[PDB]
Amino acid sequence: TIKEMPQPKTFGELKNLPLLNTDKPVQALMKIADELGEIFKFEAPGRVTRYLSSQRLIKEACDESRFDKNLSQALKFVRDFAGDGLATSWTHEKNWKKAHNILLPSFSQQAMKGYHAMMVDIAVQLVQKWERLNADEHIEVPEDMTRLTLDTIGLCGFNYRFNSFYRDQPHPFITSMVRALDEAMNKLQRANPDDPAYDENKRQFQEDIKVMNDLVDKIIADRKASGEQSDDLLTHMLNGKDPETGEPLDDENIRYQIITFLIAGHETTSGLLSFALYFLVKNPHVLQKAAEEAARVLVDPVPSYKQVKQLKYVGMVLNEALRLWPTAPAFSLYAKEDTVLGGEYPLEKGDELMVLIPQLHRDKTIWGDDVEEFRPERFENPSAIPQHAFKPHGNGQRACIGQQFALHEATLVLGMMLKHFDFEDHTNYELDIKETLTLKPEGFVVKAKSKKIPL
């Protein structure tokens, strides 16, 4: 039953590339999926991939015996500053499994318990900032969520204070990062990146890369000379030994891991929190239910690790926000061997796939007719959800290593926001999703009304 797969409109020798000439390429690709269905071919000069949108096909793509992680063009461009750190290495590169073995214990339960106090440090700064707003001032949500998540990975992971809440403008790092990511997303559609029209982009790309590397130097300098005894992510990077190869990470790879974790360790969690608050103010009944949980569980001025673990409904709220708007919206795979997808689409060894996660999460055959509704109760029973229906953290051994960190931070912070404030969508905000490879609301503002509960 070999089928012929659809393909969106082409532009001569540029093939489908100009379809990416937009500030919202993932959303453009979702619209193409709406029109073409669960699978479509997408070509650019010298490259073919296939976008998958249905759980029917993606459950086969998640078979690690048949498919391995591929570096998308986006990840290849990010590799220009993230090197062979965990997220931009091939599975078969020595440094992938070696760093994985070394850094996995930094996300154990016992590690999470160790990060918790510093997580609270930053969360309290967020709550205090909002308690200190004047009447009828408002909250810039993604901006403040990015302050929080950047500061949290800096402090918990590296004992470094970005002090983002002492800045009215984004930290230098954030500004460069967003620009490197902008450049990487915009470079996706460039048919001739060597055209001298892009010489300034190339120069600016290097400038932003040094800014990001300078902080990495300072983070490493401060730890090596410190007199304090740390046990955090940096500690493991500098001292951990891989059981398999027996070797620690070398200095060049450590630097790549720091860049990787500073970016991956915050940018998507700030998007998650922004989307979760958006859906909560648009769904007051859900907000109330999660606020009731927050009030019942967070009975102390400072949340404890054990209490965050009991914010189970807040946890479902976050999962449902990742369902509708997974903030890292795609991942890529290649066929390890010739194989047939869905009994219908033969693939040759090396053939590539793109998993379009926001579209997967809208598969009506899985979620039902109410698929656009925000119903955290969808997640009450993981056993009732078919395999590989829900993939906001990627797949298999290349799934997100930071998943527990992200969800613990987001549950703590959202729990505290719902404990301490009522929220008002005072502008009737119209969701507008900015793309920097990752996804985040833009211009989302709310007003908080303090419940006047002491910290």
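For the two forms, the rigid core is made up of the largest set of C-alpha atoms that agree within 1.5 Å on superposition. Numbering follows the first chain given and starts at 1. What changes on going to the form deposited in another entry:
- With the rigid core aligned between these two forms, the listed residues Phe173, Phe331, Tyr256, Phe379 include just one Cα displaced by at least 2 Å, namely that of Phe173.
- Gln229 shows a C-alpha shift of 2 Å or greater between these two forms [criterion: core-superposed Cα displacement of 2 Å].
- Relative to the superposed core, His92 undergoes a C-alpha shift smaller than 2 Å between these two forms.
- Core-superposed comparison between these two forms: the Cα of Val211 travels 2 Å or more.
Moving from the form deposited in one PDB entry, what structure would you give for the form deposited in another entry?
A single chain, with no partners or molecules, comes next.
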């Protein structure tokens, strides 16, 4: 009955920690899952977790009566600058449910209608950039997709223009963001984060937290002294009141939310768009089908909210890209009470789980033997997909609050991309996945041939 779960190779007192001493640790954990199966123990000094890779077990871990969201070490280090914003707070901290209640209406399908015009603004800047490239120039795909999604969250969220398409070199806030995210992730591997080798990293980390707080606090202060009532997240946050506590967010927590949304904008949707275009150029028949939908639906020079809603195949393209390469590749859980997982693995209250999403999405008992194939038609009927087989936005009440935002922006942009250009994988690009907070293709380049359709 009770099975003892495998564990990858250890390093004396360092346990399994040195296995994360790599620049692609998620992909390294995936290969361990290939070797060891649906569940394996992973220990570091002072920490134990268990990596889940099968739908059989993950469907139990997604039972919210038995498991709640845990902060991974990664999220604990990001909390150093994202605070108790939505993504780095515990479910039982008062500011989680309060910010959740206040911000839910800002992220609904209905709220998407109000953001649509300003996502079209940024999306048009992307298309015009590509229309203006010279023959036999190429597109740096993740770079441009990150320019897009950062600008979109800046504009839709806070009425601020990062003007990323006017730049080679990030806005100063983004420089500190990206550097702080890099330190947070690199910190995870250090066997001794106290060696003086890491003193400068420590110094630079604190400078970046200060640059980030000071610029956000200024934006908050400036908006409050202004009165301007633009329909953006910062206004809803300054004006909204939690129905439960009846309280609004305070300025410190609003700062944390803004940092949180900007991290999410920069990191996740740009990865998704990059992986989707990669899969489309590697699967020309799928690109054809999606381009045909784009041409048939996007019949005006600017897309409308209604038309984006009818880009249904583009949506399953995005879902299939999230299946093979979920850009936020894991989440962590803890047992609310003693419980037995899958009838085989007893857990005590407090025990942690890691959900390894890319491996879940390769569970052959779920998707069949063509699991590595890019086939958006898998998603034709969600009722034919078993429970909790597909988890790119997390689980339950702690699922991605920005899920509709991301899919509206990604659908609109990919739709316009397919309306306006033919794409050529001119380098026969070999997929290379760089890991930061999230997963992104690195070095992915294509050529676009304009269809010469006016905007």
